[PDB]
Amino acid sequence: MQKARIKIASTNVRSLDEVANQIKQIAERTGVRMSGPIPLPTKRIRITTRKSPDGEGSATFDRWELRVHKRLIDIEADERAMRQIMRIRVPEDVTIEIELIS
Amino acid sequence: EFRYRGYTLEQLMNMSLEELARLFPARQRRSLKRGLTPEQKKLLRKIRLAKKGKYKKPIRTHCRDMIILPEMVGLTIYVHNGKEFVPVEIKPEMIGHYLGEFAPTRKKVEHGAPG
Amino acid sequence: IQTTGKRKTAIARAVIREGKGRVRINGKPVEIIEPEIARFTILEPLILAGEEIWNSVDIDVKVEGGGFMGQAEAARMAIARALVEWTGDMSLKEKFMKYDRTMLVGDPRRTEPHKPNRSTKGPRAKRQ
Amino acid sequence: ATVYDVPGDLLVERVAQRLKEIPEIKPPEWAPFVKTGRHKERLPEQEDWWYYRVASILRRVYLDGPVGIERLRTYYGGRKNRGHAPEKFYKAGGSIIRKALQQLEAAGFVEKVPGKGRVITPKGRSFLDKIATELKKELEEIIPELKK
Amino acid sequence: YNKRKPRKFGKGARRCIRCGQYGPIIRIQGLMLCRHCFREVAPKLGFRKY
Amino acid sequence: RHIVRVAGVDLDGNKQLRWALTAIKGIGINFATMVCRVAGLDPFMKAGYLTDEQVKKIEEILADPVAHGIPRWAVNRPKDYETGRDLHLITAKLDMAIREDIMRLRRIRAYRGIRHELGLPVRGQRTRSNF
RNA sequence: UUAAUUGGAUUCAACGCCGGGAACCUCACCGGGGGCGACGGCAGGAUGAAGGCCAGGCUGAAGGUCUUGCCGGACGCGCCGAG
RNA sequence: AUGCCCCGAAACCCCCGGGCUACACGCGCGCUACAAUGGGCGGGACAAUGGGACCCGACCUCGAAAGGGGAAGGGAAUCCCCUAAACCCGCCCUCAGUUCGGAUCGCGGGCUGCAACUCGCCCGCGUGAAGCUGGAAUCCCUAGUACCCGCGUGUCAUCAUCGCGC
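Note that the protein sequences, when read in sequence, are chains AM, AU, AL, AV, AQ and AP.
Start counting the first sequence at 1; every next residue gets the next number (PDB author numbering).
Start counting the second sequence at 5; every next residue gets the next number (PDB author numbering).
Start counting the third sequence at 4; every next residue gets the next number (PDB author numbering).
Start counting the fourth sequence at 2; every next residue gets the next number (PDB author numbering).
Start counting the fifth sequence at 6; every next residue gets the next number (PDB author numbering).
Start counting the sixth sequence at 5; every next residue gets the next number (PDB author numbering).
Please note that the accuracy of each hint is not assured.
With a straight-line cut-off of 16 angstroms between C-alpha atoms, the simulated EDC-like cross-links for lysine to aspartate or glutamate are [claimed, not checked]: (1) AV/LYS138 - AL/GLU55; (2) AP/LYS60 - AP/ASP14; (3) AL/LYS11 - AL/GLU115; (4) AV/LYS148 - AL/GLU34; (5) AM/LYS70 - AQ/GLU45; (6) AU/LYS112 - AP/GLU121; (7) AU/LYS111 - AP/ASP99; (8) AL/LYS31 - AV/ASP6; (9) AL/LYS31 - AV/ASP130; (10) AQ/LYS54 - AM/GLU97; (11) AL/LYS23 - AV/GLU146; (12) AV/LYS149 - AL/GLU34; (13) AV/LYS149 - AL/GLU115; (14) AL/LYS118 - AM/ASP62; (15) AL/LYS31 - AV/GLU146; (16) AL/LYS23 - AL/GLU55; (17) AV/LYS149 - AL/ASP63.
Hint data in this document are derived by calculation from the structure and do not stem from the laboratory.
When you get a sec, could you build the whole thing from the sequences and use the hints?
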């Protein structure tokens, strides 16, 4: 048996959910075992910078954040099933990386 | 007589550069192992031609980092302190030291009435 | 029967079955834990449970995260929950409640994030 | 009973005194003239300090299994005073535990798994659990509660 | 003679993309932005406050 | 022996030998420990039972530490400037060595010599407020 | 004090602040060296480089400078407006 | 960004060096202590946050360490930094400017950069002082907070006693 692993990474939660739902709906339509989307840890990039452009006054800090979410979808080997995924309309902010594990 | 690590200046003369550097501290020996700068090598050409007499110019320099070897002994060289070329004459006792040590750049500070 | 305990960051997973009475922490015997105060915190609940319940069941608790006091408190938490589930008796439940409310409730206390103006020393510390 | 059923310090002491017998374990000629770690400030006090290290190291192999030199260096490291600067943690030196581990390999108690470290042979497991059984049998008489 | 010498290291090596200042540049995963320059573009990059 | 003279310097017998040897300048605790180990004696014994042949053994250890098993890196002045040899100096020899180094730095007219002349910090310490 | 220790900041709200790291770079200080000054007009051009170049001297050194003479095969000295 | 003025072989641009560190000094904020709850040898259980391709580098080897060589695997839930310190136990030293306290200075070795004398860090040895509880006065904080403990990270080839965070 051969398994296809799909990593879906995006800042926007709703776009990630939409793409995952699209893959899911393709799955049972194609009738192939499709392991549910496992939400891996969401990576949190944090940057702390002084607010004051100059040096005078009180010292104050601003903490800006990115939360990038990531879900894992494992599906089984059926060429029809894995043919229907390049045809998916993918939003710009969502990145999909598909690999093949034995 | 002058002795350096149990060897005299003339004994120091005949030692190869590697064996000579083995007498130097870790800083200077490792600096030598890493290789002199091309500007340092030009200055070495200058001083060596001076020691053979061909180079008659009063010899200046900017390379404060040029580590004094026994072969520079007995020559007058003028190191740039930042504003002018302060003169130094190399006695045998500067083997194992940098030129910039003997090229003063900061003047004496004494204390007067506070503002 | 399975039970869980959370204290600060330490998390203790406890499993209780019928057995002689062997109690193990991370697979280690209870009586040998070097910090004696932590040994007493771990021993606290089954003291009031009774030697009969002690010698009627075997317990294995595995704890991860936090420090040794936090780990001991998590094991203390999980032991009480395991006992009250195994026996299914409210008498010892109220016994523990009377002895310590957190025994079956637990402490949801968490460390506040540090804040600027010399953040290294804490959320509220500032310069002179 | 296993090593898990006895205190670490008592078992380490027992393993050290037992391993004093085996000729495979011998301090190197540089051992008395080197301190156990960079973080340490004063040289080791007792002349037995070598063997306790070996007794310690094998115990770690009984628990951590495949372990390399650097992981033990982090373990045996400690806090060091930086003068007026605040203290800081540092790893332990490598040569001491390397010689101890290579002697252990010569002693046959431990083996090497390349790319993963060194692990404990069955002979070492039997040695350690024998010592632990004796120690627990004694502490059963001193402490009856360990019979449980 | 007019070419600046190639500095891979030091403050001179890195210059802000936007304003070009040689001072504080944030390099967390490849920004190359002056600390002043970061505040006006962080919202554009998708940064949010929390 | 409440008083024990070794190498021209007295030590208290109440201190342990590794603790007693510290009173000599040129010897720290680690040097005392390693020389005691060279002697094959307990580092923790009281110095007041030091029978004299041990005193002479420690003395000849001081005379040539390298040949007695001590490596080249436990001495205070490895690769001595006028012999090329790693030697452990003591007392007046140590004072003369540092004194000669001071006049050497002065004679070469190095910055370190200048600081030693003016009694100023050598190694870049900031002195606008400090010192 | 220094040739120079580049400047700002004055209690609350200036003084591990701008500097969020000064060996070069940062650089704004000081000393020394070197190159220019867009584009127009006056004049020149190419008859040949404006730029580099051996051997040197000066030059810390850098055809930077000059002795020497080549290229380079192409338009750029100097003054004014203005950069 | 940009008003006005000025600077045009300079107040334009490029290169070397010094300097920005210099100090009888006062002041600001911190660091380490002014030892017995002390100092030290052995041993044990113990976390989190973030970061990782000219990178993390497990693992192996040599060196006493600083480090040198080889090196799997890792572009990250999967490999690495990764393990802690404060804690206790067993034992040794035993209230003394001394063991604490280390400023300070000499030698050797290692590390980054082409270059650390001005002006780096680290290691081994030697010296290693002031410091033995601080008047007037004023500073912060009210719960997982204060104190104590260490760690990660920003700047970072190297530089922290800094900031942010755990």
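Hint check:
| no. | hint | in the structure |
| --- | --- | --- |
| 1 | AV/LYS138 - AL/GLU55 | violated, 26 angstroms |
| 2 | AP/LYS60 - AP/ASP14 | holds, 14 angstroms |
| 3 | AL/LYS11 - AL/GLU115 | holds, 11 angstroms |
| 4 | AV/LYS148 - AL/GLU34 | holds, 11 angstroms |
| 5 | AM/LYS70 - AQ/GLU45 | violated, 28 angstroms |
| 6 | AU/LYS112 - AP/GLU121 | holds, 12 angstroms |
| 7 | AU/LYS111 - AP/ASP99 | violated, 31 angstroms |
| 8 | AL/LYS31 - AV/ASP6 | holds, 7 angstroms |
| 9 | AL/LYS31 - AV/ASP130 | holds, 15 angstroms |
| 10 | AQ/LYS54 - AM/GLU97 | violated, 29 angstroms |
| 11 | AL/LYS23 - AV/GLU146 | holds, 13 angstroms |
| 12 | AV/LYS149 - AL/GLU34 | holds, 10 angstroms |
| 13 | AV/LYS149 - AL/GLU115 | violated, 43 angstroms |
| 14 | AL/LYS118 - AM/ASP62 | holds, 11 angstroms |
| 15 | AL/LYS31 - AV/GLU146 | holds, 14 angstroms |
| 16 | AL/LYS23 - AL/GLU55 | holds, 10 angstroms |
| 17 | AV/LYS149 - AL/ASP63 | holds, 15 angstroms |
Hint violations for this structure: numbers 1, 5, 7, 10, 13, all remaining hints satisfied.
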